[PDB]
Amino acid sequence: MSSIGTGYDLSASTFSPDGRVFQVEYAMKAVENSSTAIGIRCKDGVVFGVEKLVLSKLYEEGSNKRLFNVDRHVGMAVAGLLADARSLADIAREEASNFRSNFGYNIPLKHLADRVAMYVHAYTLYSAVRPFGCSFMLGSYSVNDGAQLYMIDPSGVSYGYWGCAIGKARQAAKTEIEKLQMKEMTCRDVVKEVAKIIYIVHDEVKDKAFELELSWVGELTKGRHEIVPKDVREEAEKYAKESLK
Amino acid sequence: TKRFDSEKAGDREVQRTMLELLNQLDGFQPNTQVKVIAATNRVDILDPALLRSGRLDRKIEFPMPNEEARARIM
Amino acid sequence: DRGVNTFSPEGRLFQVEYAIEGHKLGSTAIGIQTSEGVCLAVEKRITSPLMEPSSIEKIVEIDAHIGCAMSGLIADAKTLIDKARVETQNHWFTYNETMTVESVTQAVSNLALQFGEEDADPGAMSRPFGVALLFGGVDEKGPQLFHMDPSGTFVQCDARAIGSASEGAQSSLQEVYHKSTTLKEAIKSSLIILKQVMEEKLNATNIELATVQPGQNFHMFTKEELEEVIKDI
Amino acid sequence: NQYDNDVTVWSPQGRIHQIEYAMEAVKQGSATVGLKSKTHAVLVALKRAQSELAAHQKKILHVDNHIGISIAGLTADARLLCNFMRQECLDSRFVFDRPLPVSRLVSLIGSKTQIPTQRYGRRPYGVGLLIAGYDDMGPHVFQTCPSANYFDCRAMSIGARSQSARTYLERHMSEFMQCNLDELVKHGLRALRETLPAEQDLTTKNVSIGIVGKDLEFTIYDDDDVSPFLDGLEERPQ
Amino acid sequence: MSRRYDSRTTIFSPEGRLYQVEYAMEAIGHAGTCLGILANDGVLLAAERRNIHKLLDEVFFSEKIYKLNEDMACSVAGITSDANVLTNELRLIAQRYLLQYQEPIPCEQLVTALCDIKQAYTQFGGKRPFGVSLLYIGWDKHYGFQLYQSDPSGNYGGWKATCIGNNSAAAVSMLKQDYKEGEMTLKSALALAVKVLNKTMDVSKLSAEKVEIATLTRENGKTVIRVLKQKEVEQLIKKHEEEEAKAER
Amino acid sequence: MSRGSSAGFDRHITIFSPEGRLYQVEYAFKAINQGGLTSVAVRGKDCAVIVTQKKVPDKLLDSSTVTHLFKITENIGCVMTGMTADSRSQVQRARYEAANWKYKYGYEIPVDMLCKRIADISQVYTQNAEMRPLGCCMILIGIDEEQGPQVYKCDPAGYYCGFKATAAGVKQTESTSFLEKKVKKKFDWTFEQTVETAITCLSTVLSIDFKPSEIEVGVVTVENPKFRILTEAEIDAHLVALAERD
Amino acid sequence: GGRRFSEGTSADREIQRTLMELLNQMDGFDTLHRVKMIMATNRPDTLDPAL
Amino acid sequence: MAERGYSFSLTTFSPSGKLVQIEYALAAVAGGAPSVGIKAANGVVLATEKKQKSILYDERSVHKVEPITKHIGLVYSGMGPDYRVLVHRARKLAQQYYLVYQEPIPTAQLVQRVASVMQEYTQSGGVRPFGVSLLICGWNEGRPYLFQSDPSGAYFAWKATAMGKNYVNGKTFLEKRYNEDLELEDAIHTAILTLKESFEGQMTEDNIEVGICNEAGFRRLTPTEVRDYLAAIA
Amino acid sequence: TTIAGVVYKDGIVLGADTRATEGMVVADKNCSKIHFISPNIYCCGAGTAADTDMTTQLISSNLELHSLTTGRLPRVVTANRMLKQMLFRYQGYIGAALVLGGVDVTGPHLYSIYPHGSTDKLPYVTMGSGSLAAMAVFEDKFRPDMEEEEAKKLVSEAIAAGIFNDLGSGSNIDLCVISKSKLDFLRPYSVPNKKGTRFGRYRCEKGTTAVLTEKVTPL
Amino acid sequence: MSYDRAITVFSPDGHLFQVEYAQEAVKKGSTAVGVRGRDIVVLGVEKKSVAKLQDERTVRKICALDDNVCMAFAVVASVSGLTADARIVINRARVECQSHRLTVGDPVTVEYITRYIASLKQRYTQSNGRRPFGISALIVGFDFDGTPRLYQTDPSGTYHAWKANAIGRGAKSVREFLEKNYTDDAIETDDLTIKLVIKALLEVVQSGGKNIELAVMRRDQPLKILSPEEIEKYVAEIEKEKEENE
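Residue numbers (the deposited numbering), protein chains in the order written: chain G, 1 to 245; chain M, 296 to 369; chain E, 9 to 241; chain F, 4 to 241; chain C, 1 to 249; chain A, 1 to 246; chain L, 253 to 303; chain B, 1 to 234; chain 2, 44 to 262; chain D, 1 to 246.
Read the hints as simulated data drawn from the structure, not as lab findings. There's no promise every hint is true.
Under the rule of at most 25 Å between Cα atoms (straight-line distance), these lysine-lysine pairs were calculated in the BS3-like manner [what the hints assert, rightly or not]:
1. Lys-203 (chain E) / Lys-52 (chain E)
2. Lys-186 (chain A) / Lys-183 (chain G)
3. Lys-176 (chain C) / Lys-238 (chain C)
4. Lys-30 (chain A) / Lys-110 (chain G)
5. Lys-183 (chain G) / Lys-181 (chain A)
6. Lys-208 (chain G) / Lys-183 (chain G)
7. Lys-208 (chain G) / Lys-30 (chain F)
8. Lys-29 (chain G) / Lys-208 (chain G)
9. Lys-176 (chain C) / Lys-52 (chain D)
10. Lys-92 (chain B) / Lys-186 (chain A)
11. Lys-192 (chain G) / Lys-59 (chain A)
12. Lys-195 (chain D) / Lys-172 (chain D)
13. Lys-179 (chain G) / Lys-59 (chain A)
14. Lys-43 (chain G) / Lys-54 (chain A)
15. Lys-180 (chain C) / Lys-195 (chain D)
16. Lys-53 (chain B) / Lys-171 (chain A)
17. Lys-92 (chain B) / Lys-225 (chain 2)
18. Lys-181 (chain A) / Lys-51 (chain B)
19. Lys-185 (chain A) / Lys-53 (chain B)
20. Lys-225 (chain 2) / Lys-70 (chain B)
21. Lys-52 (chain D) / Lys-52 (chain E)
Derived Cβ-Cβ restraints for the label pairs, each shown as a range [stated by the list, open to error]:
22. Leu-99 (chain B) / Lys-104 (chain A): 14 to 20 Å
23. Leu-99 (chain B) / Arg-107 (chain F): 35 to 41 Å
24. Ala-243 (chain A) / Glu-259 (chain L): 55 to 61 Å
25. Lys-91 (chain E) / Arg-101 (chain F): 35 to 41 Å
26. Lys-241 (chain G) / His-175 (chain F): 27 to 33 Å
27. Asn-86 (chain F) / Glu-259 (chain L): 37 to 43 Å
28. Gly-217 (chain B) / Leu-130 (chain 2): 22 to 28 Å
The beta carbon of each residue, even a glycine, is placed where N, CA and C say it ideally should be.
Looking at chain G on its own, in the form it has when it is part of the complex:
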């Protein structure tokens, strides 16, 4: 089963009489271990809220960051193992960069998501390599394709979501989204909401301690994936803290 020397977790070419693939499933349990990364689609952009894990006492900003820029206007928030996430960042950024060069217009998220998923999926099929141990979101704003949110898991699926969570708290965190009307809503108000969801979900045993990182890609940034200002972070932090009490 999990303790074995042939097939099961060694392979992923294996099937059980149920049909399952255990290795691809073990990769899914790996994304679960670290804290939540949420990314919410607005009709005007994407706002992310990520727990940025504080693994030491001698931190500087951007240390073990999970916010990546795939393209100029795509942000990528990862959850689960960061080792696998760095290799995934290089592959996604590379597919986007060449796209911009050739097509000369802003990469459609629907296209980018299909290509990275195929890559994850090529590894899950194979028993020759293991598959990535993280799950990620790509989120973007353009006026050539609209605001899009996509999610790619360790299996190799790409489907669009209008508000998603990956990481430990995601079953709880997702529920809070159904409460919110977020499909139509400014990116300014949604930052306040991603921050308050994270503060309440966190507990001292999903991970020791975190640093709040929120990111913009919307009408406010003018279609640029950038990190939120010091001002923005703090008011959204404040509202999270006041709601927490």
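Knowing the structure of chain G, use the given hints to seat chains M, E, F, C, A, L, B, 2 and D on it.
Chains M, E, F, C, A, L, B, 2 and D only, in chain G's frame:
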């Protein structure tokens, strides 16, 4: 662990006990009077007949201690 | 089953721990850096007089002013030495002067650990070599003795021993051999230490000595020279 | 166990034990401390050798005219990775001709290290690297794991019994930021000594320093100017 | 995963044999009689035709007699499957040699090119060795008439008379008993070969459906490779059969 | 040994069993059932139809870009049943090949050329012991030029074959046998008629009973050169007629 | 619900006697009437081929 | 998209001296559809069962009976997917030959080519052999021809052969019913009878496919023509 | 050199050609068929340089075969155009082949003329070989641009006969190839315009002008 | 290639398995003796297993790598000739000898071939999915000097020159009898060197001239492989000399 089709043997002292254990969890006799705190190292080894959501209701995973948790243990 | 590639809870690889043991199996070689030059001594340890003692070699030339004594599996080392010969003259084409002890040793050591038993290229190792090499010469910089390990850890030495007596001999060298001991005395120090691992007494057909001294190229000592150090041990 | 037969072997938790077990190899390595100010990036390292009657070969490696590394772990593997980095740094100097970013270089190591850990029938590399580099955005001192994740720290210690040294790093964490070159090196020595027992206090011989910064390029002091930093002794601060 | 499945049959054994070659060696023995005898004006091969039905097309010259070149011919003991890929490859090699040298290829030169390939499979790769052992017959300028045998790793031996297949020990001993190193002519040489095949084989009168015999004869300075037809074979059967009849008396 | 070849390798990697056909290959057909999707496809003379769940599970999942009807290319479209990961992977590979064919070869792509091309590829995947026999099944619609509207389905095993009627999914056997009774008591296929047959089979078998927002129907019509989803308007008009049917 | 067995422990042996008895009682020469017998299983695959 | 492949020993010899995989592949073809090939010596006739056990299959262009080229065809028994790649591959060899010579590939030549493929699948590891037995037909160079290639990579010559279920009985019924120096008409009649002796029972013209091969070419007849034949046979 | 035309009519496609196949302006052979029959569905006329045209038709025929069998659609002339354009590019625009591909799809019969250019050329009715414009020019002239099938078949045969008369390169029989997508009627003698004079009288000789000193059969 | 499965992996015993498995396979049998003379070097193998019906002219167990380099081989089992295994080493060595003579105008020395054997064994070790040959070769030849040499290699790839050595069926036993026979006269007289090879082979098992094949090389002249008829005359004369000394 019931995945049986075992055309040759397969023990089945163990089969009888696996089925009897379900029966006692079922509401022929109460299950609001008997609670089961179950500890098993893996759920991979275990079969879904046992796990369900009306044999074992909560599924609580235990990750290995965090950094703060080990200082508390000490 | 478990693989061999895996790290153990000790915090070391299995293949590599075996390779160090391979170094321990063979014959002992002593390489002493003196500031008058660098001498390399190795035991022949012949068991038959029908052999021709010249052609039992375990000192082979990396360069024309660097000599190398090698220990553990004699065969496994030879490949590393073959690749070394091509680099030293190659170095002459590019730089327009001869290779140093330091440059050659770091380049062979990169190859020493590369191992991936399955799903690794056939132009790359499946297992590491169990050889320890002692590169001893005097070059543009001066007398240098560098030691190379099968773990691919290179370090500069003045007196190093490798082979069956490797830990024992190395301790014993640190004691007699210092930089207040001359080159001929280094040759006497090596001969005494050599005997426990040897099956017989020291002779001029049971040692092979070669010294590379300043201002001179590599010289393989002749029967007369071997015999003068045999007289006084 | 059989969560670590190959580096594709998952545990039910969802962790590869071989990559973790590769970190235990870094602990076998020699103690190295990485510190930064606002003008210098300083690397303080422990050199060990088998002959102490001979000069100890450096544990500080050359990567760029403003990048130097200190290794903790596997010696062959650290050198093996070093060559990929060296090729890229020197290439970056030809093409881009900036003083290359520590954050940029480090991610490329993350793609290569991932290859064997992703691949069956192979071993991870069990070496932890502390890189000092100075670009035009000031110093950065980065830690790279046996995995592929990086930390941008102000101070870090990976190596043998690194906890003892961190106790010092935690205590003067504020101080690092203000320093000049001299001050960075004295703190790293006071940290470095702690890893080792109470009754062992360093010598210049087994200390190599790689100094990087705004006022300087790349200079490695093996005993050259090591003696004044060592002075002003402090012996194992608890 | 992958090594565990690999039974390590590619490993050397302490004794100094390869497990695979030894298991292939048995595959040759199950299978039918293939014998070659040397004679002094030509050389002949006799192989067991194992395709007997009353509805046979005969789309090939034979399914065991293969003409590899326009100066070589061979017979088979082993598995028909291995024999088919192999037989084609034997043709490109025989034919290229014929282009360069322009003289008939030695029987020894022909076994060696293949040998590398056989050896390659066994030692490494985890690839099966070919299940057939081939008796090549030919005439080459240098030695005159020759017969060569190849084995499952390409181990070669020059033989005046040899036999592999079913009741290999019985056929080779018997043939050793009457004939020792090239004491007979081409005429008599066909009569011994059919006689041996007769005893070894379950049908003890044979027909031309049971045996197929091929001759390679040097005529007017040039090697002629001919598979003899059923008609010629019956004549050879009656000659041995009659010789057996006298023996009893 | 009984209960799978665990002392043997035959479900561990691809190699023939002592019983003939592989455990692993048979097992792949079991992965389809996991998806939760059941597709019913009915062949007509007006359109070749696919009826599949539009069904969404939350407010958080799109339905403006999540569909299991896929436009491989304009004339030919398909539905994937089973594992979602494998589903996308074949669709993209199919899309690229479809453009490449049209560009080089210049021939318009019928139902057969996509179906057969994928099927041969999915044979290679079954044949290699690195790759796994597919987790999805592809049911294609598209207009054959000689035949008319055609419905083909290719196996994760690597076999392609034509169908007048087919079904794939959780209830593969139950739906095909149900649809068999409908063929036997034959319907002269109009536009409305092929669509009606497909929905009644699926509604009876799942026993949910669908409404128009819960299904999405895919047609490739003889006057539409492109693949189009009929959506709710046409479905409701048929839907009521289904209750009045029998 | 039994299987072929016949390399098993004493536990696989007792199951068969009972499994034999059920067969004859249903259809053998003995059979039910108005009265109905209901079985409950988890797998129909654990069952004897004859059953 | 990162793999080297695996090649491992389950494809090397067992101690018995026979190959573990070949026996299993022969078992796959025995489980298949029965298929007879008869060389008339007036044309080659090949018959197979059209059915796949549900007759909700369109098959007016999808057939078990496929022409490779102008007058050479393959009929198979055994595995459907494995056959599909072999049909496609066989064509590709035929056209390659067609470019150089101008004549379509002989049945004698074609089998060796196909045989190499069957061989790779057995001998290398991490693959498994094809489980399809092939009846290869042609009429070329003044004689009609029938070849057999079994799954291992052997090719055998027969003038009347039977396959699949009750391959043994078909060969004996062929021996008995069909005699030598009879015509083409007689050949066509005997094949449908061998299929009756090889899985018995009910036949429709959508349960059988019959294809006739001449130098005019191989063609699989239309559903109607096959229907007339049925009535003749018992 | 060669004079080939194929036509789109109100029926199917009629190809007309003179016999002779020439290596330049001189005849290599005065026998065989210039318009070639391939598979049952595809007929191709050939024109310009001989060496480039025969081989192009042959190579595309394999490719087209693979595509026909798998797809199970009948061959499309637009499809045929793309394959010749891609193949001829691969070669690097070496030699001169004006090629006339003509096949019947399930829709109308479709005819295309591909010159050696590697163009995507759609005609209306075309004639090839020689000069592309010069042959094409005739179609505008005699065809009213659609007339009944029988009238059109006499018309092509008459126009092609005029090019044979005007240009003596074409010689021997004029062949008409009536091409459907399974029916290939190869009518050798649509019109014979010219033929030789009988080679009745010898130029033979007895040995006394050249003799033989051997008659043997080697072994 | 795809095969990278382990056949050799390093031991804590400080050895390579294959090499040791090979070394015992030369302990257990296939007597090959070589002596080095003063004009001529002669190597001999005993066994081609001439059972009085086999050919003797065309069989080679001593193969000429070059015209001044020759090797005689051994390693045996139940699969008795490992001629195949040798045949690879023989072909690669043959090209390499010739190749060395094109580049470097000195005639190739035995010392070059011996390093080349040490690297072939090793290279097979380092490459994934590959295994060392079992052979041990007695490399005979002539240098630039024209000096006769006899060198011996082991299955690991370590070489030594030796005046006279015997391997097979007790390497040390055959060599210690042969040690008395190696005298100053024996090495000087060429004819006595031919007898020395034959005289050693006879110790293990006596008689047979067909079983014994030996090849002789004189100066840089081509290899001459002696007729068995020459051997039979020689064994008869050797047997009487044994009675004379003793």
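Tell me the numbers of any earlier hints that the structure contravenes, in ascending order.
2, 4, 5, 6, 10, 15, 21, 23, 27
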